[PDB]
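Below you'll find only one chain, the form deposited in one PDB entry, shown as structure tokens.
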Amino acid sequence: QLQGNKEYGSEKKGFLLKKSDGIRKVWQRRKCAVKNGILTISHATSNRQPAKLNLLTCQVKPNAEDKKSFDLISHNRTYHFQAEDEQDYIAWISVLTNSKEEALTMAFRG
């Protein structure tokens, strides 16, 4: 019995705001894409290869203090994101969860 939301797909490309780790923790706009249970998040600034997160090993956790915010929690690290509007918020949490669930279904089929 699978979580997500069928109103959305399992792939998305767009922008998200990400809170920086270090420099007074400022919010910064990054290019992000989900496909095949993988989330790719650009850094500032390529230069670097984008970060790649395996959603099967991450928790998606809506943020209790801002309506458009959510976190991705890996084994290692917490990423704080903010969508650019409420519609985009529901789309990202839905696509992330769908992508995870699809992939989990494939993994636990094999």
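Residue numbers count along the first chain shown, from 1. Only residues modelled in both forms are compared. Think of the rigid core as the biggest set of C-alphas that the two forms share within 1.5 Å after superposition. Compared with the form deposited in another entry:
Listed in sequence order, the runs of 3 or more residues present in both forms whose C-alphas shift by at least 2 angstroms between the two forms, with the core superposed, are 21-23, 46-48, 65-67.
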The other form holds:
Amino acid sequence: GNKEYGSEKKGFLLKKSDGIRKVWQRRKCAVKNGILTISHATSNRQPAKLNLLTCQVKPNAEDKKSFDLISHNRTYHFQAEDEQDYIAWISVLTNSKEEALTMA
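I have the form deposited in one PDB entry already, so could you send the form deposited in another entry?
For this one, just the chain is written down, with no partner chains and no other molecules.
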């Protein structure tokens, strides 16, 4: 189950753009200390920090690779590399939030 994973992870996620062009774009992502850090395309720009206490993971109904991360002012649309990395990301995000709640 979720205990097959820890509460930290460094990797990449596909993040869907929006507007005239909606495409998947690879971004460096990391989870640590209850925070999801999402890098921008430009690598010297300060990354977005999402407090996982006030976010909700919504796995995809269908494809076992896509998931949303609902934050207070935005929904991020993510896609993992495959089934197994999807399970890893969602498990780590979950674990991180649970740990953060214990400590709050």
